[PDB]
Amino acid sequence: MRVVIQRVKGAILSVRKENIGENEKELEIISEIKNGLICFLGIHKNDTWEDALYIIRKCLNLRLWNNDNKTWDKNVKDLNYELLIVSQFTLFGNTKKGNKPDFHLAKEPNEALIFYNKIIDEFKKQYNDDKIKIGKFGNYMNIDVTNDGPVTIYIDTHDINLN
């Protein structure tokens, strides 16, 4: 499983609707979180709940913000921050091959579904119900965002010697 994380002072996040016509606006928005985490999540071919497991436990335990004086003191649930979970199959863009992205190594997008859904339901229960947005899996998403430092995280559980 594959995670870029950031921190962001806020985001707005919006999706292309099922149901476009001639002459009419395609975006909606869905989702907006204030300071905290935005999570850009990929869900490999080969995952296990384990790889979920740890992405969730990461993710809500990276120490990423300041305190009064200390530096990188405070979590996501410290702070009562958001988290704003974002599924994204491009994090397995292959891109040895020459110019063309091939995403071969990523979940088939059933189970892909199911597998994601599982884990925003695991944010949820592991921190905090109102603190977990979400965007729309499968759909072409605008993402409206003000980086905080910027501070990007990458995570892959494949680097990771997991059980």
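For clarity, a rigid core is taken as the largest C-alpha set superposing within 1.5 Å between two forms. Positions refer to the first chain, counted from 1. First, how it differs from the form deposited in another entry.
For the residues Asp130, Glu32, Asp102, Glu26, superposed on the rigid core between these two forms, a C-alpha shift of 2 angstroms or more shows up only at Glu26. Core-aligned CA deviation for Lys9 between these two forms: less than 2 Å.
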Given for the second form:
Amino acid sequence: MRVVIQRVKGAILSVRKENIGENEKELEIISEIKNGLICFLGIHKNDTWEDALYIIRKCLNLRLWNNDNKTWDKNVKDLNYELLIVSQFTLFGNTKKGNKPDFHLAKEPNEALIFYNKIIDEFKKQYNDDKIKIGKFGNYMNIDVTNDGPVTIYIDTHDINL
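For comparison with the form deposited in one PDB entry, would you give the structure of this protein in the form deposited in another entry?
Next comes a single chain, given without company.
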């Protein structure tokens, strides 16, 4: 599994919404957080539950907020902050050969959805049902993010021995 974690003062996620209908075609906000993390999550085809757990553990526990003259001190749970988890297959975009990304390492959308939903449940079980927002899996999204720092963290779980 791969994840890119961004520290944020807020994030607003929107998808396309077509009233077919009333011939209305606009963006509508379906998810929103204030301070916290946005995590772009890429799932590898050979990912196991252990990979998910490491990611969840790291996202929930990384001390990324300063605190009273102490830096890199507080985690997203401590400050009672939120997480926005977006599935992001492009993180398994191989750009090593040619300038068209190739996504053969990506888990296929269907198995991915089940896995992803398992992850979201675990996030909630390990933190709080109300602190975890998500996007619209497999749909085009517009995400207004306020990067606070910025602080960007990258983790590839296939780097660790689990």
